[PDB]
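Letter by letter, the chains look like this.
2 protein chains.
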Amino acid sequence: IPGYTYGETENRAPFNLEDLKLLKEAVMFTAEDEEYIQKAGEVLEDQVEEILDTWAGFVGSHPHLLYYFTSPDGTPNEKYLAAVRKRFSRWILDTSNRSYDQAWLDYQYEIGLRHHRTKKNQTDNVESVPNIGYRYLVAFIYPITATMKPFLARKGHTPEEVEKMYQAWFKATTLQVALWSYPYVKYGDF
Amino acid sequence: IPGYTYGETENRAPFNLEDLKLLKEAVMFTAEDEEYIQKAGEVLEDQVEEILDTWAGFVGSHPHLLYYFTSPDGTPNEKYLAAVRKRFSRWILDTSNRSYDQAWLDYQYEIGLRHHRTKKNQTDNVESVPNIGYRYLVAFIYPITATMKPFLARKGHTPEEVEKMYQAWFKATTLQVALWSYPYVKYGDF
Ligand code: HEM
Ligand code: HEM
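The listed protein sequences derive, respectively, from chains A and A'. A prime marks a further copy of an entry chain. So the first sequence is numbered by the deposited numbering: it starts at 6 and just counts up by one. So the second sequence is numbered by the deposited numbering: it starts at 6 and just counts up by one.
Derived from the structure by calculation, the hints contain no laboratory data.
Partial selection, computed: residues in chain A' whose CB lies under 10 Å from chain A:
1. 24
2. 28
3. 32
4. 63
5. 67
6. 136
7. 148
8. 151
9. 180
10. 186
11. 187
12. 189
13. 191
14. 193
15. 194
16. 195
Here a beta-carbon is modelled for each residue, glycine too, at the ideal position from N, C-alpha and C.
Looking at chain A on its own, in the form it has when it is part of the complex:
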């Protein structure tokens, strides 16, 4: 997957497993959510293209969101969209499958850097807008969470299991966006 460097950034994040413990406590994530996020993995695995299609459509129908993938001339950069899509697809699986350990934290730092002006547009060597305003990363917790639900409700698992999968996904999405604030936030205020 071009540009996907999970587990091989060779850069230790500015947050560690104690930070992660305290953040999991604040978002109410426990060993129960680890179980159910993993169960979500098998449910979502074969639906990733339809999830991606849904999320492409939401972004594509909103000029002020599609903006973040545009070339200077205001048109979508199709190379950029396609390359990011492959890494986004993998992130769906990673969120369910990966242990949230230091390597995971090190990639969460990398993902935040790539939304921020620090590293945006470098992974794919594209010319596009410099920064994704942080307000929209927070806002996206809702669509990224909520639009997962109908996919979770498909694979013939019990509705009770679906709800536990869904709550685990809400917590995990929130946890990640909290970490991705790091490069955006004034030093010492995170």
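Dock chain A' with the ligands against chain A, hints included.
For chain A' with the ligands alone, kept in the frame of chain A given last:
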């Protein structure tokens, strides 16, 4: 309500109704959510003390969260807890009742400033820790959202209405925390 200055800050926020339109779009909030957040108001009104008790208990059982209300000596500042509780109670009602207009935005800027080192501890004239790390404002989207649900499910409204109220509350909580990032985020990156 001591320290509550909604509609009378006399300070225009650095975000306006166009910013709010675009943020509502990103969080999927529409006129339908305005209807259902308002309906939540009547449901939650008479339960605010029990909601507050629940949320006091969550914070109080976690030393690293109770930390934000502590005096220098590490003990909770009881004056500070009590005064903030009254403003938090009012915020529950405001979220349901208030029109999200410029006055509302101007108070969202104020609330963000009060979590941030810019204004924390000034409203109540207390000595406490300087800043609430932004990572925890994001993380709290989950408990502030999720722990509302059982309260919404009480007042004998239909479960379908409860779900719409709950989704409106999730969106509104997310929208607000996105705005409260403003004083935390490096200038030009919000
Ligand atoms: C809950 C919030 C969000 C999630 C979970 C999310 C997830 C992701 C993931 C997994 C990637 C690829 C990371 C990698 O390189 O391995 C990515 C990249 C990207 N996302 Fe987001 N995203 C979020 C918010 C946003 C928003 C609000 C936008 C605005 C359209 C956006 C636009 C982009 C762009 C343009 C890239 C490529 C950045 C680069 O140049 O490297 N994302 N996102
Ligand atoms: C979804 C996230 C949060 C929401 C909705 C929320 C809501 C509120 C509200 C409504 C107030 C009073 C605002 C006013 O002055 O009128 C407040 C103040 C305060 N909150 Fe939060 N809060 C959030 C996150 C946090 C976190 C993570 C902490 C950590 C314990 C926290 C601790 C405090 C403190 C210490 C104050 C008083 C700040 C000051 O000195 O003025 N809040 N919060």
